[PDB]
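Required output: the full structure, derived from the provided sequences and hints.
Given next are the chains, with one letter for each unit.
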Amino acid sequence: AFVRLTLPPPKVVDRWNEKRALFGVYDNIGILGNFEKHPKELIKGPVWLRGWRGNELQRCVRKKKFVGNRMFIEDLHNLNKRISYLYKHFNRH
Amino acid sequence: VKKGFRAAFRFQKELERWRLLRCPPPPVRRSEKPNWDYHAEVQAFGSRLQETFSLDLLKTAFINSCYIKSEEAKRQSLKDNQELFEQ
Amino acid sequence: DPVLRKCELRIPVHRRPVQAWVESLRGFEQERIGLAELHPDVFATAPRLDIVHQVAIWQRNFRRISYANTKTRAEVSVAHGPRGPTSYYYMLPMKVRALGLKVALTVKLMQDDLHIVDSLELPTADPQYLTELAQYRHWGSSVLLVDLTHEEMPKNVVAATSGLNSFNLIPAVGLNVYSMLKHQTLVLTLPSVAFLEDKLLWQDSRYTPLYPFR
Amino acid sequence: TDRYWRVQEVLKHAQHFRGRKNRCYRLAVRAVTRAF
Amino acid sequence: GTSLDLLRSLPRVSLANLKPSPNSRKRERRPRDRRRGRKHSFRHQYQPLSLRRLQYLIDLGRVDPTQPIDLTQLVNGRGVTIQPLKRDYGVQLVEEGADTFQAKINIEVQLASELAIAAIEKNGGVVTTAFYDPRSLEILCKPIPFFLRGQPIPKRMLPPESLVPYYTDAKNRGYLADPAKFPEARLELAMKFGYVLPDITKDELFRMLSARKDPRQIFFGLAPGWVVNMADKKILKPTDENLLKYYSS
Amino acid sequence: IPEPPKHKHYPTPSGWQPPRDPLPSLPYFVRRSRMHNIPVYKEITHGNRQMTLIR
Amino acid sequence: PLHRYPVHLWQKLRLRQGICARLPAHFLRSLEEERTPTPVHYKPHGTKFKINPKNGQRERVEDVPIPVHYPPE
Amino acid sequence: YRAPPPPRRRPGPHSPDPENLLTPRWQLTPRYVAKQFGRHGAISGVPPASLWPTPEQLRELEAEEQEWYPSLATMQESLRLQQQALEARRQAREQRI
RNA sequence: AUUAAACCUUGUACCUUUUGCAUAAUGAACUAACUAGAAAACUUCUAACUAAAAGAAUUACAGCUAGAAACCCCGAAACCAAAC
Numbered sequence: 032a033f034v035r036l037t038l039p040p041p042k043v044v045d046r047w048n049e050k051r052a053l054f055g056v057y058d059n060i061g062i063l064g065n066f067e068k069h070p071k072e073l074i075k076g077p078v079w080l081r082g083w084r085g086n087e088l089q090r091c092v093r094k095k096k097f098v099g100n101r102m103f104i105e106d107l108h109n110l111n112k113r114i115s116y117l118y119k120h121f122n123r124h
Numbered sequence: 031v032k033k034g035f036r037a038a039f040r041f042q043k044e045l046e047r048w049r050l051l052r053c054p055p056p057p058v059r060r061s062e063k064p065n066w067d068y069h070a071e072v073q074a075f076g077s078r079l080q081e082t083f084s085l086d087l088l089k090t091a092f093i094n095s096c097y098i099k100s101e102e103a104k105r106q107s119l120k121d122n123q124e125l126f127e128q
Numbered sequence: 045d046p047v048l049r050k051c052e053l054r055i056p057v058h059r060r061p062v063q064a065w066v067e068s069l070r071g072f073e074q075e076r077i078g079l080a081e082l083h084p085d086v087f088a089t090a091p092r093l094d095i096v097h098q099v100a101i102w103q104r105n106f107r108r109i110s111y112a113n114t115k116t117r118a119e120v121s151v152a153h154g155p156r157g158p159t160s161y162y163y164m165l166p167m168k169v170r171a172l173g174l175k176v177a178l179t180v181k182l183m184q185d186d187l188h189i190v191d192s193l194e195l196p197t198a199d200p201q202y203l204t205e206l207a208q209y210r211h212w213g214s215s216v217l218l219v220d221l222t223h224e225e226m227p228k229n230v231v232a233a234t235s236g237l238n239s240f241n242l243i244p245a246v247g248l249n250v251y252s253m254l255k256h257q258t259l260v261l262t263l264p265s266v267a268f269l270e271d272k273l274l275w276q277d278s279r280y281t282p283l284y285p286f287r
Numbered sequence: 015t016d017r018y019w020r021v022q023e024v025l026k027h028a029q030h031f032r033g034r035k036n037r038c039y040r041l042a043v044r045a046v047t048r049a050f
Numbered sequence: 009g010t011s012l013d014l015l016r017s018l019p020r021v022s023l024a025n026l027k028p029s030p031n032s033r034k035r036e037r038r039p040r041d042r043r044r045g046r047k086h087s088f089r090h091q092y093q094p095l096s097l098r099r100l101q102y103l104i105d106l107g108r109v110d111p112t113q114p115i116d117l118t119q120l121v122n123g124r125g126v127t128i129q130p131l132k133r134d135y136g137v138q139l140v141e142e143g144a145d146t147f148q149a150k151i152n153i154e155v156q157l158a159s160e161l162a163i164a165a166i167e168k169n170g171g172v173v174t175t176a177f178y179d180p181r182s183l184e185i186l187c188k189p190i191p192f193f194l195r196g197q198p199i200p201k202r203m204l205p206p207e208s209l210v211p212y213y214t215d216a217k218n219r220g221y222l223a224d225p226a227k228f229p230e231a232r233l234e235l236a237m238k239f240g241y242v243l244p245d246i247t248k249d250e251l252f253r254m255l256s257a258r259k260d261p262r263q264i265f266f267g268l269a270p271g272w273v274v275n276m277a278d279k280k281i282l283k284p285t286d287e288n289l290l291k292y293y294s295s
Numbered sequence: 057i058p059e060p061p062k063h064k065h066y067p068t069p070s071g072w073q074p075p076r077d078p079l080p081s082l083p084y085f086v087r088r089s090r091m092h093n094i095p096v097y098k099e100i101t102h103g104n105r106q107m108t109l110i111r
Numbered sequence: 002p003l004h005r006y007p008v009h010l011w012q013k014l015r016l017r018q019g020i021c022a023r024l025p026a027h028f029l030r031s032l033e034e035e036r037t038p039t040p041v042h043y044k045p046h047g048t049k050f051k052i053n054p055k056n057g058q059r060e061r062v063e064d065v066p067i068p069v070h071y072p073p074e
Numbered sequence: 025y026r027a028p029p030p031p032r033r034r035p036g037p038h039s040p041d042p043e044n045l046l047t048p049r050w051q052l053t054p055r056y057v058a059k060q061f062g063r064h065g066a067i068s069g070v071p072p073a074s075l076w077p078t079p080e081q082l083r084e085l086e087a088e089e090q091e092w093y094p095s096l097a098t099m100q101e102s103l104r105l106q107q108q109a110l111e112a113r114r115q116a117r118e119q120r121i
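Residue numbers (the authors' numbering), protein chains in the order written: chain i, 32 to 124; chain c, 31 to 107, 119 to 128; chain F, 45 to 121, 151 to 287; chain R, 15 to 50; chain M, 9 to 47, 86 to 295; chain g, 57 to 111; chain X, 2 to 74; chain q, 25 to 121.
Here are the simulated SDA-like cross-link-like pairs (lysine to any residue), alpha carbons at most 25 Å apart as the crow flies: (1) F:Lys168 <-> M:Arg124; (2) F:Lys228 <-> i:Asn48; (3) M:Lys34 <-> F:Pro155.
No wet-lab data here; the hints were simulated from the structure.
Okay, here's the thing in structure tokens:
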């Protein structure tokens with residue numbers, strides 16, 4: 032193969048920016064907050080996996096139940112077909 | 031386009047190696063090139079030979095008529122080695 | 045009048061108290077105004093840095109969510154490529170997490186990176202004064218300031234700390250191992266030390282929680 | 015990203031070969047080992 | 009502690025210095041190269095408390111000796127682990143620890159051993175058995191949650207006809223037993239061991255030890271059908287006559 | 057967990073006795089567990105190796 | 002994306018906006034109200050609680066209506 | 025920089041809007057209303073008198089108690105009948121053997 | 001090896017497959033990119049705590065909690081539904 036004849040543009044990274052500098056703050060909310068709020072409550076992301084983790088099949092199944100009423104017909108049918116293939120592999124092989 | 035800076039840097043070294051082979055640099059004396067100390071080399075030169083040299087006399091022996099002209103020419107813009126040479 | 049502090053809880057008889065120099069930020073040369081006592085079971089724990097190592101990994105990887113995805117042959121109009158959003162969240166034992174914070178406190182104190190202060194109040198809000206005082210007291214390039222509660226923190230400190238990238242101010246409840254490791258030196262108020270000790274020392278006993286404390 | 019250097023490693027030992035062997039990595043590698 | 013001396017000398021640690029503990033992570037295999045290239087419910091689930099296990103709780107003061115032994119206090123003291131999902135229905139004792147448990151105190155246990163009853167009575171303790179419904183007992187162990195729900199105190203249930211003979215039996219010392227036989231029964235137990243029977247009435251705290259709640263009454267402190275002002279940390283008593291009829295029903 | 061109550065006579069009838077006083081001046085100090093018990097645990101590994109551990 | 006309101010709520014949103022809102026309240030009430038038809042082919046449970054013979058415990062009861070098809074005729 | 029204010033859960037009673045479609049049904053049940061009273065008691069504002077069963081509810085409870093839960097007198101009679109049957113069984117076994 | 005590119009001397013192309021053998025047999029004009037091992041129920045190991053352990057639902061007469069550790073690709077003749 033042939034490779035670039037020029038260097039990529041230089042990248043400058045600030046390691047003391049607000050995001051990196053303050054990353055993780057309040058991760059001890061439970062111990063330092065009397066455990067009123069569990070650290071799992073601080074997870075931000077898809078609703079079906081906030082405070083929960085599982086394999087892809089479990090994640091997909093949980094996603095379907097959580098937003099199945101809000102899922103598109105095309106998406107719901109496609110998800111069902113994919114789940115069918117996944118179900119046979121995991122539960123029969 | 032292949033991503034990454036290490037790979038691009040590596041190719042630059044490859045280009046330099048080809049360039050050096052194609053166009054060798056013109057020769058230059060080590061004196062002009064960096065990391066040269068005449069006094070240290072003379073001391074090392076004498077020690078390596080296991081011989082005692084008079085630093086002032088040895089410098090005069092190394093000094094040449096042509097060298098003086100360049101300094102004088104630069105000066106316009119010191120003892121020769123002839124006496125030692127004859128001996 | 046030296047400011048003398050003693051541990052509220054009963055220190056073990058076989059363990060002597062730990063002590064440190066109390067400082068104030070009111071003046072450049074107000075380095076020492078009193079001497080305080082620190083509970084050995086908190087500030088003299090064993091140096092188990094692997095727990096600190098584990099806590100750092102847990103802190104970074106419990107929030108990690110990867111959104112990388114690739115389409116398989118059945119989905120094409151990668152055989153083993155990323156498939157949808159993936160989560161890496163996991164929970165370390167509560168006791169271990171408390172111990173990890175305790176270990177970090179000992180490391181800073183034993184390494185002369187922890188500075189106990191009576192209060193964070195500053196004569197002026199100019200960031201220049203804070204940085205210069207850190208230079209005078211040979212503090213690290215990054216200094217972390219901790220107060221008991223966010224609401225009552227002095228106005229003067231907020232302006233200076235907010236405008237300083239390497240000097241960050243956090244509340245007591247926001248203290249974590251990652252910030253302490255990231256910051257060269259730690260500045261702790263006297264009330265914060267008492268606040269931290271209570272929760273850490275409260276961990277004694279189990280009386281397992283039959284239900285979440287929320 | 016270093017596959018070129020891997021080919022060069024075989025090539026340096028196969029430069030003196032003759033024919034398509036000296037320029038084909040499939041053939042050059044075999045000859046280099048046999049020579050060693 | 010020479011280890012501390014090492015810590016003070018060492019320079020400040022950094023984030024990059026962090027290293028996983030030895031043997032913490034095992035190796036993993038990936039196909040990048042040739043290496044992986046190519047190829086009973088009806089029967090009560092009685093949970094026992096040993097006499098030796100009983101003795102240490104008193105010794106450690108985990109349960110107040112002055113207060114009569116109560117199952118809830120044991121739950122508060124974490125003496126035993128009860129799971130409603132396990133659907134534990136009964137409480138009993140372990141025959142072990144008879145000769146290492148020298149103590150006298152009032153106690154109530156769903157099930158008590160006949161031999162154990164005399165031994166504690168020989169020491170001077172008072173022992174009886176009361177029936178708590180498995181659903182009621184689960185509520186009893188966790189009083190705060192049903193207050194949050196808003197449920198009021200219900201009347202304590204009674205055993206099924208299968209277990210009625212046990213509770214009604216005088217020797218079993220159940221609350222369904224005839225009180226008239228207890229004086230005669232207590233003497234008989236004393237003769238069986240032969241120890242001189244110590245009259246409970248002689249005890250200064252006799253009324254406290256001998257106090258017993260009504261069969262309908264779940265809590266000695268709180269009568270059945272009562273309500274609690276959890277917000278005000280007070281107890282609320284219904285004042286409706288129809289509610290009394292409801293409780294009577 | 058509350059601290060153990062003072063008893064008139066030690067050892068306790070069950071057998072519990074608080075740490076002896078004065079404590080030994082040996083270089084190594086063994087602290088009691090949070091339950092005020094001796095930190096010795098019998099452990100078996102591989103189903104055949106009996107072990108005891110002091111922590 | 003995903004629909005914030007499920008599809009079944011689409012009908013409710015339509016009824017709450019446009020000409021549907023302007024419809025007479027009396028007629029709107031008649032459409033909105035739904036009344037269970039009198040049972041004919043199935044018997045509803047008289048009591049709401051029964052004692053299961055196997056466990057001898059009182060349990061809440063539910064009614065299963067028999068499926069009946071009513072043709073347009 | 026200064027850290028943002030710590031996250032805090034809102035305390036005190038909160039009443040879901042019944043009309044809102046999104047709100048789940050179970051959050052609008054009387055059990056939820058009873059839950060509000062339990063959390064805050066008088067601060068919730070739920071009248072304590074409502075917590076007790078209604079007269080129509082009371083009648084249903086009374087029927088269930090009589091129908092399924094026997095009294096002590098009924099239990100005692102059943103024991104006597106069982107004892108009599110057992111006594112007859114013992115006599116039958118003795119005469120047969 | 002050599003003063004010397006060739007001469008003299010030595011040496012039965014490669015992968016796969018057959019027997020651990022090919023003078024069998026398959027596949028390859030060459031260049032560049034793309035192209036095939038994926039899951040934790042239990043165990044060992046690393047640690048927290050200990051008759052207890054786990055931030056609710058689990059197990060327990062040393063157990064219990066956390067972490068790490070795993071199982072490919074391409075290719076039929078077919079079969080069925082709905083259109084054309």
